[PDB]
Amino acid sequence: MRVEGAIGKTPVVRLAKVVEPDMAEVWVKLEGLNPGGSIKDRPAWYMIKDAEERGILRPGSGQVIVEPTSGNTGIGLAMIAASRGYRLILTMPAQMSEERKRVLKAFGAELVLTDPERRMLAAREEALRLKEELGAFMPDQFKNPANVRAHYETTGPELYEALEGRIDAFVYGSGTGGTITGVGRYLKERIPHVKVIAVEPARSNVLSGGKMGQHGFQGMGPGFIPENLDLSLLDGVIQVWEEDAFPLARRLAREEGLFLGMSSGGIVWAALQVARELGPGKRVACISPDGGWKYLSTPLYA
């Protein structure tokens, strides 16, 4: 098989030190163990495979794929494009870190650096311009239903099976909305009482009725409500602060041997809050989007 075949089937671990006796069990699915280093491997593969199934793409064609991202989705798309023979162009603000650019270029992605002042807007604009000029395929991660489908068909079933259908609450820090929608729907169809709780940065708390803002939870909290997020599934929203999440992420690494990413610290912090509310005997499940490997040069581990 090829690298795309190695995506998924990730393990789930039960926290034992950062939890307290009055809390429900807390289980964390480790998506950083994917070949691309994050949970985004799943929607990256699904969006490309879906495009192949629909006839938009054919592998080994050299066809162009373009997406305005420099994050985990960019890494996942680059990995798949490399394996299946597609030309990938990623647009992103020019103030992008050298480290991240090196990872993307390692996979052969072409990078187009856009106006640092216009931020994400300029990146989106260039991706649209390229899509039109080249007749390229744009995954469109925030609106593509195949993103949600990836989680409804793989992540959800895996989580449900591993925890033997015993889940009282599912907690996740939403980015594109694909994971919480896909997993959330899968669980709610089988567990009548399960609660689906979204997590977002207090500094960019739009789901809570607040306002967008800069924050340090890379990968989550886009500052807007994506089309792939089904709000009707949510039973609540927990706002998290880096001041609380980062120290917790460090505890996870030193006390549980779980070296996770920035968003994982926020997600697990929220999961613990839910665990205290539900109490002993109950089970809270959450997902770690990625490991700490890409963040050694950030406040989390610096």
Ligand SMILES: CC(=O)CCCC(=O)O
The other form holds:
There are 2 protein chains.
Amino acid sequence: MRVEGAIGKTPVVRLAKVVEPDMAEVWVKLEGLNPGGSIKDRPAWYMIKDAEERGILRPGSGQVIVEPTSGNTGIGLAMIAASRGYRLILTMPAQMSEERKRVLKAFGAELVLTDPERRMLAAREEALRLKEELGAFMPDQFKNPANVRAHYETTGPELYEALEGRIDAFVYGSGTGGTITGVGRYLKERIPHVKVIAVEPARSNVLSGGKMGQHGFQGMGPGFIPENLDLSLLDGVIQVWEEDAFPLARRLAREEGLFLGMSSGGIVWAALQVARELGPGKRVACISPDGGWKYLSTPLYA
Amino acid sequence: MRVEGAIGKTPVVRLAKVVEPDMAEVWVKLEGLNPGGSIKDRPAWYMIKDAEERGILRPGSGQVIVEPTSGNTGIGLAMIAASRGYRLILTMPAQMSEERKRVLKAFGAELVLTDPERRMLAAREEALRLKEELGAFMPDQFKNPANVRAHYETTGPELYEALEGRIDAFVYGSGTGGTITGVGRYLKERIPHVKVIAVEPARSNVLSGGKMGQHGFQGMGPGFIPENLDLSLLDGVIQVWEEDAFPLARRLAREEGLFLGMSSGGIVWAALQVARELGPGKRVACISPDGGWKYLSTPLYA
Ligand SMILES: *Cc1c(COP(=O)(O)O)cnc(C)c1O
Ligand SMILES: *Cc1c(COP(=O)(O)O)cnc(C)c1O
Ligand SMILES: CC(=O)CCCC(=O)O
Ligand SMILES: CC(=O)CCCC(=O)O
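What would the structure be for the form deposited with this ligand bound, rather than the form deposited without this ligand?
In what comes next, the whole complex appears, and the chain from above leads the way.
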């Protein structure tokens, strides 16, 4: 079995200290336990695997893959690219941590820095150009149906099976929209009354009607509605503030022994609120995108 | 399920690019995918669990626990102490990464930095001094049989089960000696011809007859023979040099998508030497204690 085969089958834990007596049960799936350290392993592998299936990519060819990403997707892709013999090129703002660059380079990925002023736009522009020049494959994580497909085929099934189908609400901090759509559809088909609740930064509450803005929940709250996010699935949206979430992430590490990432703090915080709403005899499920290792420099853990 | 319950059940992959055609199959169990990020999660839980079983510790008591460690053991214990409500104190050289201190403190552990020049010697003395003035419990990872029992009860079964009981040689870079002993006994009770081969830094070849010395394989090579190490299980000892292991560690990440730790580089290297001696058809299994994440600022990945 290759590294990709080790993707998924992550455990789920039930919170026992940060919950309150009248709360519904709260379960968290630890995606930080994937080979690449995050939930992106799934989408990364599926977008490339799908590309192979369609005859766009040929394994061990050295073919070029390019994607504009400054987060876990770049890591997921670098890991997969390294395994299947692909030449990966990632575009990103120069403000990128002199820490995150090292891991990406460790997998042999090529990093192309872009105007820190233009940001996401410049990164995408450069990636598109490279796509054209090198005739490379571009995942395009926000529009790629294979992103959703990964969670519809693995993440969803895993969560449903591990929780014996006893799920009243599913909570997630949407980023590319793939996880909530993927898991969302899967659970809906079998638990039609299940409530799918999205979570977004209060400071960039585009799903609530608000407007884009800076926020510290790395990995989620893109500042717009991506093509991969199916709104029809949502039964509500919870806005989370760094002021409440970070302290909670600290309680999680300290009291539950769960050292999770920034997006996790907001997501679990949301799950907790949904848990108060539903009450005893109900089970709320959510997902921890990644661990707290890559955020030791943020005020969340400094 | 609590965090401690999400420990283990780690995947095992087969190398496909770094091996040669005249080599036996080479399988690697990824212990970096445990909640605490390393193989230590197991002995950490077992030593604590054993203490609770014997009535030395009651969960949520806030009872003080002390242990000298500048590696993964401190992290696993930190996670467990946080999960079960215990007050952990760790002693270690003052050098210590600042991020490494941040992760331990994220779990609420307390740190005591000792004399850098005298390495673990100073930490050990400072930990004993604390056990004496506070009446604290001390895991004592090098002498505690629970360390061993953890691998004899989970790691071993997992590996045997995952490889269809087909294992010709098991290779491992002994640290506390718990893993090679625990897994070793397990395998040698079910596979009459299985060869258990220990691995140690050439620069601290205590098992080979040489004397202890400074080396870069963090996590293994204590520079002495620990109680937990059952020498009667060994069928050989391979010495490894960083000049060999590190380049390979780099190759594993770039060619197999396996971003592993320093000790993993030396262990895998030794595994290939065995894989070649045994020849094709045969199966060699070894274990990757942890991932590359914590070593991005070391000459291994910087
Ligand atoms: C990808 C990611 C998310 C969001 O999941 P999507 O499937 O992209 O909606 C949240 N947090 C982190 C840290 C992520 O990497
Ligand atoms: C603990 C450890 C080892 C050695 O395993 P033992 O079970 O202690 O023999 C090797 N490498 C790393 C990184 C470790 O943390
Ligand atoms: C909503 C996001 O910012 C997603 C980032 C996804 C990534 O590139 O890891
Ligand atoms: C033999 C060792 O160096 C062991 C290190 C185990 C520890 O992380 O404390």
